[PDB]
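Generate the whole structure from the sequences, applying the supplied hints.
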Amino acid sequence: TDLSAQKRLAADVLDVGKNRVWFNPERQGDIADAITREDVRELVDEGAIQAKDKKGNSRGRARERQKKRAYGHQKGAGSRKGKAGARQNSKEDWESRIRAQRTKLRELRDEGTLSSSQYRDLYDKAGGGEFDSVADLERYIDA
Amino acid sequence: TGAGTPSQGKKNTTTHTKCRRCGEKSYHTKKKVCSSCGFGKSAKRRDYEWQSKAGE
Amino acid sequence: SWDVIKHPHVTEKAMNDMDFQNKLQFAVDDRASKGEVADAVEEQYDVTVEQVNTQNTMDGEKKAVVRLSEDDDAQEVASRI
Amino acid sequence: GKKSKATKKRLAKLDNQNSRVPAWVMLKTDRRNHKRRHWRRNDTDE
Amino acid sequence: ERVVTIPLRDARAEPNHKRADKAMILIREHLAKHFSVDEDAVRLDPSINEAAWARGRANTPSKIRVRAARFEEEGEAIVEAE
RNA sequence: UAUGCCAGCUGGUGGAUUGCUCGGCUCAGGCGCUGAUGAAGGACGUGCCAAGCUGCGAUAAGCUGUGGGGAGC
RNA sequence: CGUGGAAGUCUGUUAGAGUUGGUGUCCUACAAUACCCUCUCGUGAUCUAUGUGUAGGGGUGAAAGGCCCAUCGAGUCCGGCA
RNA sequence: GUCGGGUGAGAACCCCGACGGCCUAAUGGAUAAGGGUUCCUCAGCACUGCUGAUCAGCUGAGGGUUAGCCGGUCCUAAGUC
RNA sequence: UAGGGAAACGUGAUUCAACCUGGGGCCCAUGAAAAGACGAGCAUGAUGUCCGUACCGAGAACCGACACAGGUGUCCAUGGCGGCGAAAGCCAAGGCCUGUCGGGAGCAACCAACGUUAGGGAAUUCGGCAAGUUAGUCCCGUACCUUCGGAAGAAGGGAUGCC
RNA sequence: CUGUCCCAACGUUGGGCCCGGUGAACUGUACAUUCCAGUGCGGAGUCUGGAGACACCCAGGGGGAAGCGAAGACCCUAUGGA
Ligand SMILES: [Cl-]
Ligand SMILES: [Cl-]
Ligand SMILES: [Mg+2]
Ligand SMILES: [Mg+2]
Ligand SMILES: [Mg+2]
Ligand SMILES: [Mg+2]
Ligand SMILES: [Mg+2]
Ligand SMILES: [Mg+2]
Ligand SMILES: [Mg+2]
Ligand SMILES: [Mg+2]
Ligand SMILES: [Mg+2]
Ligand SMILES: [Mg+2]
Ligand SMILES: [Mg+2]
Ligand SMILES: [Mg+2]
Ligand SMILES: [Mg+2]
Ligand code: NA
Ligand code: NA
Ligand code: NA
Ligand code: NA
Ligand code: NA
Ligand code: NA
Ligand code: NA
Ligand code: NA
Ligand code: NA
Ligand code: NA
Ligand code: NA
Ligand SMILES: [Sr+2]
Ligand SMILES: [Sr+2]
Ligand SMILES: [Sr+2]
Ligand SMILES: [Sr+2]
Ligand SMILES: [Sr+2]
Ligand SMILES: [Sr+2]
Ligand SMILES: [Sr+2]
Ligand SMILES: [Sr+2]
Ligand SMILES: [Sr+2]
Ligand SMILES: [Sr+2]
Ligand SMILES: [Sr+2]
Ligand SMILES: [Sr+2]
Ligand SMILES: [Sr+2]
Ligand SMILES: [Sr+2]
Ligand SMILES: [Sr+2]
Ligand SMILES: [Sr+2]
Ligand SMILES: [Sr+2]
Ligand SMILES: [Sr+2]
Ligand SMILES: [Sr+2]
Ligand SMILES: [Sr+2]
Ligand SMILES: [Sr+2]
Ligand SMILES: [Sr+2]
Ligand SMILES: [Sr+2]
Ligand SMILES: [Sr+2]
Ligand SMILES: [Sr+2]
Ligand SMILES: [Sr+2]
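For the protein sequence lines, the chains are P, 1, S, 2 and X, in the order given. Residue numbers 1 to 143, in the entry's author numbering, belong to the letters of the first sequence in order. Residue numbers 1 to 56, in the entry's author numbering, belong to the letters of the second sequence in order. Residue numbers 1 to 81, in the entry's author numbering, belong to the letters of the third sequence in order. Residue numbers 1 to 31, 35 to 49, in the entry's author numbering, belong to the letters of the fourth sequence in order. Residue numbers 7 to 88, in the entry's author numbering, belong to the letters of the fifth sequence in order.
If you're looking for bench data, these hints aren't it; they were derived computationally from the structure. We treat Cβ as the ideally placed atom computed from N, Cα and C, and that holds for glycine. A hint or two may mislead.
[Unchecked claim] Straight line, CA to CA, 27 Å or less: simulated DSS-like cross-link-like pairs of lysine-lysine:
#: 1; chain 1: S; residue 1: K63; chain 2: 2; residue 2: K5
#: 2; chain 1: 1; residue 1: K31; chain 2: 1; residue 2: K44
#: 3; chain 1: 2; residue 1: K3; chain 2: 1; residue 2: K32
#: 4; chain 1: 1; residue 1: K11; chain 2: 2; residue 2: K8
#: 5; chain 1: 1; residue 1: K32; chain 2: 1; residue 2: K10
#: 6; chain 1: 2; residue 1: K13; chain 2: 1; residue 2: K25
#: 7; chain 1: 2; residue 1: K38; chain 2: 1; residue 2: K25
#: 8; chain 1: 2; residue 1: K28; chain 2: S; residue 2: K6
#: 9; chain 1: X; residue 1: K39; chain 2: X; residue 2: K28
#: 10; chain 1: S; residue 1: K13; chain 2: S; residue 2: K34
#: 11; chain 1: 2; residue 1: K2; chain 2: 2; residue 2: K28
#: 12; chain 1: 2; residue 1: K28; chain 2: S; residue 2: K63
#: 13; chain 1: X; residue 1: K24; chain 2: X; residue 2: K39
#: 14; chain 1: 1; residue 1: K41; chain 2: 1; residue 2: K30
#: 15; chain 1: 1; residue 1: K32; chain 2: 2; residue 2: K28
#: 16; chain 1: S; residue 1: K23; chain 2: 2; residue 2: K5
#: 17; chain 1: P; residue 1: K7; chain 2: P; residue 2: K52
#: 18; chain 1: S; residue 1: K62; chain 2: 2; residue 2: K8
#: 19; chain 1: 2; residue 1: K28; chain 2: S; residue 2: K62
#: 20; chain 1: 1; residue 1: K30; chain 2: 1; residue 2: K53
[Said to hold, decoys possible] Non-contacting residues of chain 1 with respect to chain 2, defined by C-beta distances greater than 10 Å in every case (computed):
#: 21; residue: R21
#: 22; residue: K25
#: 23; residue: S35
#: 24; residue: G38
#: 25; residue: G55
[As the list claims (entries may be wrong)] What follows is a list of derived Cβ distance ranges for each label pair:
#: 26; chain 1: 1; residue 1: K25; chain 2: S; residue 2: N56; range: 19 to 25 Å
#: 27; chain 1: 1; residue 1: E24; chain 2: P; residue 2: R41; range: 51 to 57 Å
#: 28; chain 1: P; residue 1: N57; chain 2: S; residue 2: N56; range: 47 to 53 Å
#: 29; chain 1: P; residue 1: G82; chain 2: 1; residue 2: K10; range: 39 to 45 Å
#: 30; chain 1: 1; residue 1: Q8; chain 2: 2; residue 2: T7; range: 23 to 29 Å
#: 31; chain 1: 1; residue 1: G9; chain 2: 2; residue 2: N16; range: 30 to 36 Å
#: 32; chain 1: 1; residue 1: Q8; chain 2: X; residue 2: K69; range: 55 to 61 Å
#: 33; chain 1: P; residue 1: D45; chain 2: S; residue 2: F20; range: 19 to 25 Å
Quick look at the structure:
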């Protein structure tokens with residue numbers, strides 16, 4: 001008894017993979033008489049032809065590792081593979097840092113803290129990279 | 001890459017096709033000229049005296 | 001002069017269109033258009049054709065799937081012939 | 001490869017040339036198809 | 007009917023990546039020799055097949071506890087894991 | 001006497017030989033142009049069942065007329 | 001010090017292209033030029049598909065007398081031809 | 001691959017389940033060229049299949065390719081007639 | 001109050017292919033054309049013929065005489081962990097057990113791939129052929145020479161997990 | 001740095017060996033169980049003389065058949081070719 005045709009029809013009607021269809025080992029003769037697509041549909045509702053479930057890669061261990069790396073752990077010098085400029089991009093780090101300092105000095109000019117001349121002094125120096133972070137910018141504004 | 005068996009892989013071109021005039025697979029569809037009857041080159045039919053031994 | 005309708009295509013799928021969808025299948029002459037197949041079917045069976053779908057079979061002949069209107073029934077036409 | 005109308009008419013006939021000599025011709029001649040073509044072993048036109 | 011421990015230490019002769027296949031041949035041979043029947047007569051229940059193919063095809067167990075029966079006209083046996 | 005050697009015997013394998021000839025080869029006489037009124041050639045069709053060939057052309061192994069012929073096809 | 005992001009630049013079995021050594025495997029082959037490890041290039045004079053052009057004493061040739069359908073110090077077929 | 005089981009005159013290799021593996025730019029998906037019916041069903045094992053075959057791209061006979069809006073068709077390119 | 005779903009038939013977020021739109025730089029290289037569309041409305045009705053449409057698309061549907069370990073273009077380059085990575089390794093979705101003959105012998109010699117070999121360490125050989133050693137990332141450090149570009153990852157030294 | 005060597009050992013997988021099935025080819029003047037000498041166109045399983053030699057079969061590594069494979073590319077010759 002060849003049920004390979006029905007296996008092709010079962011996988012289209014259940015819209016699932018060919019390797020996932022299950023045929024009841026006890027109902028072979030009744031699956032053998034299954035000529036049409038409707039014959040296959042009826043045999044699905046009878047429970048004789050079912051579909052197995054698709055597996056998923058259990059992210060359980062991954063999530064518990066995402067926790068520790070976000071806290072600063074496991075990123076030791078024996079777990080780094082790519083070079084430094086590969087782990088964090090230099091041009092992208094500047095974009096992050098400099099906009100952060102250009103978002104600061106803007107909020108200071110439009111508040112009255114800094115004057116048009118004091119803002120210019122710092123913007124050109126920020127663009128010149130005289131300040132490391134926003135914290136070093138503040139440690140310069142305050143005398 | 002050797003000129004033999006592996007160069008035979010790049011052979012998926014159609015050149016000689018069934019002619020309209022004579023019917024031999026000799027119509028070069030890229031040249032629009034027949035190599036058997038000469039359709040597309042001559043108004044006459046391609047016949048040659050060397051297609052038979054001199055005194056025949 | 002060539003005739004349009006040659007003979008009816010009477011296969012199992014030609015019944016699945018006759019019963020369910022009210023369509024008559026004919027194997028017509030390959031020089032015929034959808035509009036020529038249409039007029040021809042009407043002038044031979046006293047029916048009203050709405051749509052004609054053609055295909056050039058692997059037998060060199062042209063298969064014409066002719067859809068009738070609600071007023072005419074395909075199962076009733078295939079009876080007399 | 002895209003076939004044309006004529007190319008189709010031709011490949012169509014070549015398929016009917018692939019039919020066996022009917023059972024009755026054997027009984028009429030009182031006892035071979037020579038244009039026996041296979042889709043793999045043989046080569047057609049075009 | 008009795009319970010026999012089948013040693014599979016002769017499966018280490020057949021190449022590692024096939025160890026499970028030979029293990030199954032050994033069981034069938036061991037039972038036919040002890041219950042006095044033919045190799046064709048011995049029917050193994052899929053339990054023995056899953057027990058032997060547990061850790062892949064190459065890391066098959068060294069022994070196996072097995073429960074077998076003995077009956078019928080020609081003479082045959084049905085066998086399973088304990 | 002196992003493996004085996006030479007000759008024969010029955011039976012194969014093989015298709016020579018002999019017999020036969022729907023084909024060839026050569027000679028001789030007769031005859032001798034076709035095509036835009038679309039030839040020659042080709043393709044695709046054409047049969048109750050039709051694959052090859054022959055014929056034929058959508059009127060498709062055939063339609064008309066005159067003569068021959070004749071109970072068959 | 002930074003910003004910038006150049007290159008017949010760099011590492012790279014990324015796709016891809018090439019083919020140094022093993023003078024390994026094979027050598028009535030898987031194959032009338034193959035297998036495997038190694039090795040080279042990999043933003044450029046780069047690699048590739050399809051279309052198209054150049055024809056035999058002629059093309060094409062970063063030139064090896066290389067390539068022009070397993071045919072090249074003058075392609076192939078048929079004829080001259082016995 | 002293995003143990004069960006199915007069909008069968010006949011089963012290591014046809015089919016069901018289970019257990020066990022292989023493939024991750026491909027051994028998955030869609031296609032161009034080229035192939036030309038090789039697609040589908042039924043019936044088969046003289047042929048073909050690196051063994052066997054109840055299977056098959058094999059053999060035999062049916063069935064199958066439906067578009068105003070997907071290609072073609074139109075345009076022009078190197079270039080060709 | 002289409003559809004689909006056994007059911008629920010979500011809401012927010014980051015990084016964002018495609019797709020949209022800008023800024024910049026290079027050339028002794030300057031990066032197609034044409035048909036068509038836009039310019040330039042709306043209603044109702046009609047018409048829209050013809051050709052392709054099956055399947056393969058490859059370790060069996062193509063080319064290589066073969067069900068050939070060869071050759072042959074395109075799109076999927078964002079499936080999960082991984083890690084710089086379209087890298088390795090493992091795993092989905094999906095496909096397969098047809099790179100299609102099997103059974104048996106602790107299974108010898110001998111051969112192909114290959115692992116580990118004490119002490120010595122190139123004595124082997126034409127020649128370190130073969131195999132091997134080093135190896136990613138971080139920090140310290142880096143000679144001669146140099147066309148000032150480079151040499152240079154010179155060399156050398158330290159570090160490297162888990163909680 | 002190391003099995004390249006001194007110097008070889010054990011192991012691993014696919015073969016190899018036995019059983020089923022499938023099922024080619026290279027080569028064949030004839031005879032042919034050889035060996036030691038000799039002789040011969042001076043490089044003999046086959047001639048002469050001796051020696052040896054019961055037949056068949058399995059596995060083997062290849063000493064011999066001036067082994068198989070290719071009308072020597074070297075060399076000379078031809079009133080040869082390019
Ligand atoms: Cl298309
Ligand atoms: Cl900008
Ligand atoms: Mg069947
Ligand atoms: Mg920078
Ligand atoms: Mg159409
Ligand atoms: Mg057919
Ligand atoms: Mg080396
Ligand atoms: Mg080109
Ligand atoms: Mg030279
Ligand atoms: Mg389909
Ligand atoms: Mg195969
Ligand atoms: Mg040692
Ligand atoms: Mg020495
Ligand atoms: Mg010379
Ligand atoms: Mg000369
Ligand atoms: Na073919
Ligand atoms: Na005449
Ligand atoms: Na005229
Ligand atoms: Na006929
Ligand atoms: Na600078
Ligand atoms: Na190589
Ligand atoms: Na020439
Ligand atoms: Na098989
Ligand atoms: Na990822
Ligand atoms: Na070793
Ligand atoms: Na020898
Ligand atoms: Sr190659
Ligand atoms: Sr090509
Ligand atoms: Sr011309
Ligand atoms: Sr002439
Ligand atoms: Sr048909
Ligand atoms: Sr072929
Ligand atoms: Sr470069
Ligand atoms: Sr590189
Ligand atoms: Sr060499
Ligand atoms: Sr070779
Ligand atoms: Sr090697
Ligand atoms: Sr790059
Ligand atoms: Sr000649
Ligand atoms: Sr049989
Ligand atoms: Sr099939
Ligand atoms: Sr963005
Ligand atoms: Sr399709
Ligand atoms: Sr495909
Ligand atoms: Sr391939
Ligand atoms: Sr899977
Ligand atoms: Sr097979
Ligand atoms: Sr050890
Ligand atoms: Sr040395
Ligand atoms: Sr030395
Ligand atoms: Sr170091
Ligand atoms: Sr031998």
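| query | How does the Cβ-Cβ distance of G9 (chain 1) and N16 (chain 2) compare with 30 to 36 Å: does it lie in that range? | reply | About 33 Å separates the Cβ atoms of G9 (chain 1) and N16 (chain 2), which means 30 to 36 Å holds.
| field | Hinted pair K30 (chain 1) and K53 (chain 1), Cα distance within 27 Å | value | The given pair, whose Cα atoms are some 32 Å apart, is violated under the 27 Å limit.
| task | For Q8 (chain 1) and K69 (chain X), compare the CB-CB distance with the range 55 to 61 Å and indicate the outcome. | result | 59 Å, holds
| request: Could you see if the CB distance from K25 (chain 1) to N56 (chain S) stays within 19 to 25 Å? | output: Holds, at about 23 Å.
| Given pair status - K10 (chain 1), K32 (chain 1), alpha carbons within 27 Å | Given that 27 Å is the threshold and the Cα spacing comes to 23 Å, the pair holds.
| query | Since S35 (chain 1) was said not to touch the interface, does its Cβ keep a gap of more than 10 Å from each Cβ of chain 2? | reply | Nearest chain 2 Cβ is 14 Å from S35 (chain 1), so the label holds.
| query | Within 27 Å, alpha carbon to alpha carbon, are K31 (chain 1) and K44 (chain 1)? | reply | The given pair, whose Cα atoms are some 18 Å apart, holds under the 27 Å limit.
| said: A range of 39 to 45 Å was offered for this pair. Does it hold for the Cβ distance of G82 (chain P) and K10 (chain 1)? | reply: 40 Å, holds
| said: Does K5 (chain 2) sit within 27 Å of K63 (chain S), going by the straight-line distance between their CA atoms? | reply: 14 Å, holds
| field | Pair hint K28 (chain 2) and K63 (chain S), alpha-carbon separation not exceeding 27 Å | value | Outside the cut-off at roughly 35 Å; violated.
| said: Tell me if the straight-line CA distance from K13 (chain S) to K34 (chain S) falls inside 27 Å. | reply: 21 Å, holds
| field | Consistency of the no-contact label for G38 (chain 1), given chain 2 and a CB cut of 10 Å | value | 19 Å, holds
Hints 8, 11, 12, 15, 19, 20 and 22 from the list above are not met by this structure, while the remaining hints are.
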